[PDB]
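Engineer: Using the sequences provided together with the hints, build the complete structure.
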Amino acid sequence: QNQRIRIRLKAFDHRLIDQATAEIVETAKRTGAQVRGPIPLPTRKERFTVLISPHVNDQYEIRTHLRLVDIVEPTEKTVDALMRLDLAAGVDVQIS
Amino acid sequence: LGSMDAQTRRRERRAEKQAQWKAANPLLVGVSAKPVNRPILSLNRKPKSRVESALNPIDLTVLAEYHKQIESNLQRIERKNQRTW
Amino acid sequence: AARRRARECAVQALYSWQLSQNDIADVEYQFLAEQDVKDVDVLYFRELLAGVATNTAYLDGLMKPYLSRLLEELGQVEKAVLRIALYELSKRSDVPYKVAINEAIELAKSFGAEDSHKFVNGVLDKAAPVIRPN
Amino acid sequence: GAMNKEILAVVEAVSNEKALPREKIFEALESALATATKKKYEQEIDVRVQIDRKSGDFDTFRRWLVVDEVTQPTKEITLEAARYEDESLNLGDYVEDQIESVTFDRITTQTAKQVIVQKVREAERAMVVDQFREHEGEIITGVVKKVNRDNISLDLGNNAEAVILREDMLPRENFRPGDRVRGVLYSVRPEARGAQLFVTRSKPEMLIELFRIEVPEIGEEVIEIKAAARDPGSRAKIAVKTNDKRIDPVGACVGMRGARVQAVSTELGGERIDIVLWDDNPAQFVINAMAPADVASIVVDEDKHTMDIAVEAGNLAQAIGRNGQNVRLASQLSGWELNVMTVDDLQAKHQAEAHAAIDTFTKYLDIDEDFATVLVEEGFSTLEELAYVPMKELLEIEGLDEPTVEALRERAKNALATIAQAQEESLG
RNA sequence: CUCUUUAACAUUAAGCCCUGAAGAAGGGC
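Protein chains in written order, with my numbering: chain A, -18 to 77; chain B, 36 to 120; chain C, 2 to 135; chain D, 934 to 1361.
Treat the hints as calculated values from the structure; they're not laboratory data. The C-beta atom is built at its ideal place from N, Cα and C for all residues, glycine as well. Where hints are given, some of them may not hold.
Which residues of chain B face chain D? A few of them, derived with a C-beta cut under 8 Å, are [stated by the list, open to error]: (1) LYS57; (2) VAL71; (3) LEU76; (4) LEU98; (5) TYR101.
Structural biologist: Structure below.
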């Protein structure tokens, strides 16, 4: 039933990302599913613009991370578990 | 420089009355909370993990099932009250 | 360089393993079976996946004597790359200490957040005593 | 013995599920029976009864409570009658060996029947309470299905349900069916015919757990949060601290340029949030919870702990905030009453504090010259405390340490005794 | 072919006006 799940991940703060990814692995492990992740890509630079009060005549880029995982086979409990966990805030985990 | 608080503007307007009352009294007071008001109970929730919770969700299926069983069997004692006609 | 560029891809695999904690045969078969990286060479990529053996754990112990912070308190993302670096340091010793180690600080430029490599540029004093041919 | 056929059919019909305990049924209904037999007999007695699942017949034994005293001669013994038991009985243990006449009736059936269904009610409620104990204080997501007036019913999976009272939800926000709601449950008040879970977004536990999901440092138990106070629509104050001194807790909760706290504030409806350090000194911790506005003068009354605060005007208006709730949050966080004023009014307020009381001293023992001087260090001790503090402290080079202190204590204690006597039998 | 052991700084606002010292209560639009 739509077994080829596709998951990517944006990661503004690595600390939350390692734990989050580890939880996404533990939910598949506990249901019985096994899969390969996170496969981290190098740090991506996202230029930042800021607008502080006018300085006399202000960050402009902060580090980001990215990960990707699939699923070999979602058990009926694995979809309710994947939807059941609460994604850590501040990180965009939009499913591919 | 909005300072858009009507009551504050009134405070500046009625500042002289405030001065008339300023002498020999408590100026402002602020009490909050209570023991019964401030129980928070936040000692330990890590044993419940988001994996454990997502893996063991709140299930009350057996309760509703059992309930339907009871109601059916009670209708069956009303069948004991029932006569064939 | 392009062959050196292969190494980082191998570097990426173990983190997978490190968090999946599965049999390495599954990791290799599924990894290469999904896609082939035409740039990197499996001829060398496959040899490092064997290095999952705990000899590299013995070498990572070498970082414990001097450690301002706890052994595993530091990011496992950043600990993996140290297990790789010292894998090549003692088991392989292919690149000299300062040459491999400068590149190494660049390596944790690539994935380490907040100058993680830059401060860990102190830690290279711990690597020097293993080989006095500096 | 006896066994109402109807009641046996009832206990085999409402027979407890495998998860449930069938034995409990008998434990209850035998208490019911024995209580009925007890009500039959003219003298007040203690009685028991037992049934086996195999047969259904029961046996009723009237028993006495072995004790070392004379109260209730209808239910008491000595170890001498326990010699029939071969001394095996001990005091505080109630045993005997004589059966009593087992009662049979019809009206009992009804009330017996009642207990059965009665237990079932408790069985439902209790069976639900388990799940609550399993998830007590944790955030769970549900999908609204009803919208009653000022409270909404939420569906959870596996036939589980919940409800949010309007006080528990955001002041601004009204919800609609089909909307996913993240919410920590916090109580299970027993409604008639079983209870149902209560959830809340307004309570501080929503915010604290909302931080637990966001800051793993708390999840790793590295840092503790000592208290949290919040105004749901507007702003919140939270006190954090770590004794390790290894990392900064406020920095850990704030994140990158606030991105870790703002996120939760986004979930909290953009609620403003002040994260402050937790401190064990009350006064200093008060100043830390008084922020963003801060003062340099603090006065405490640990007898009432209704401490007072004074401040410049420009920082005064910031200290009170809108409707005062700023201080109201600080106090709410501190768990202690507060008080704010202007410094100019503060100094004079202390001089008045001392002046009226010194007029009382001058009203009692009348040496205004000697009392105003003693008043200078009286501030630590009320007129009763001077008599209550050990005499070891008030001895100084000023005044007379030995001849005058005794008389002083006599005067003060006699006067306060006069007030205590004036409390009762006064004119009005 | 060294950079000397891993960021945290976050809040932009809730009308006008009256009785009342009040930032307690309470009101008219």
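Engineer: Against chain D, with CB atoms and a cut of 8 Å, does the hint on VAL71 (chain B) hold up?
Structural biologist: violated, 12 Å
Engineer: Is the hint on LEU98 (chain B) kept, meaning its closest Cβ partner in chain D is under 8 Å away?
Structural biologist: Where the cut-off is 8 Å and the nearest Cβ of chain D is about 5 Å from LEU98 (chain B), the hint holds.
Engineer: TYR101 (chain B) was flagged as interface toward chain D. Is the shortest Cβ-Cβ separation under 8 Å?
Structural biologist: This interface hint holds because 5 Å falls under the 8 Å limit.
Engineer: For the hint on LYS57 (chain B), just tell me whether its beta-carbon gets within less than 8 Å of chain D.
Structural biologist: At about 6 Å, which falls below the 8 Å cut-off, the nearest Cβ of chain D leaves the hint on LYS57 (chain B) intact, so it holds.
Engineer: Holds or violated: is the Cβ of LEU76 (chain B) closer than 8 Å to a Cβ in chain D?
Structural biologist: holds, 6 Å
Figure legend: structure checked against the earlier numbered hints; the only hint not met is number 2.
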